[PDB]
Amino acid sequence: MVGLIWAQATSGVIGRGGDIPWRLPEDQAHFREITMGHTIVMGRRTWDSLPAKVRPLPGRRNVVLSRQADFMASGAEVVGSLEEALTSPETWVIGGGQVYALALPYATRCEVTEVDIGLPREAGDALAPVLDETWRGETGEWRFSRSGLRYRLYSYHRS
């Protein structure tokens, strides 16, 4: 089962200056809940951006996609193609924009957080993959986070 998991603003922005452009602890909790115990796949640039004490993500099999054959990813495996990244019983692709594009055609689930923040797309932004007409499932009710930022969860699926 190949899933994608991401958080986006309503406009589709998922990154600005290499950062998620909001603060949402409750989305961090949701991300852990969906991924824990499973394989996670990320691009090398995403791995390299993480603080040393936060990688590998604990409790999950970490897979890093790279074209650098000598890359050292302490506590993870490094694969040189997407095919080899998707052989576990359940895999969550966790970023970045490049790897989400690559994996989209293979995915049969998406777990999306939509953040109700009016960030128009700007030069340099990273953008979410586009969900086409093949997907179905639940668009959850809006909730206020503890700070007052509104968010809701999509749980979509397809054959």
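By rigid core we mean the largest C-alpha set that fits within 1.5 Å across both forms. Numbering follows the first chain given and starts at 1. First, how it differs from the form deposited in another entry.
- Here the two forms are overlaid on the core, and between these two forms the C-alpha of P51 is the only one among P105, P51, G37, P120 to shift by 2 Å or more.
Next block: the form deposited in another entry, after the form deposited in one PDB entry:
For this one, just the chain is written down, with no partner chains and no other molecules.
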């Protein structure tokens, strides 16, 4: 089982300038709940964007994809191919744009948080993968964040 987990602006933007273009702390707990105790796979830039205090993410086997066969990532496993990254039965791909695209074909689950923020796609942005009709989804109710942003959760599956 390979799952993808991400948060996106309605527009599809998931990252800009090396960061996430919004604040939504309420998301942190759902992320933690889905990923805890499993192997998590991320691209090298996502690793670098993780704050030093939670790098590596505690309670998870952190796997980092990189084409630098010498890249240093303390507390994480550096692999150079996607096949090497996906050996665990329950693996959650947590980013970024490149890695989500690369892993989508292997995925049977996606936990998506939609953020109701006006943020048009700009050139160079990290973007969320587009789910076609092989996916059957379940949409949650909109909620308000203390940040002021409305957000909801989607759970997608495909056998």
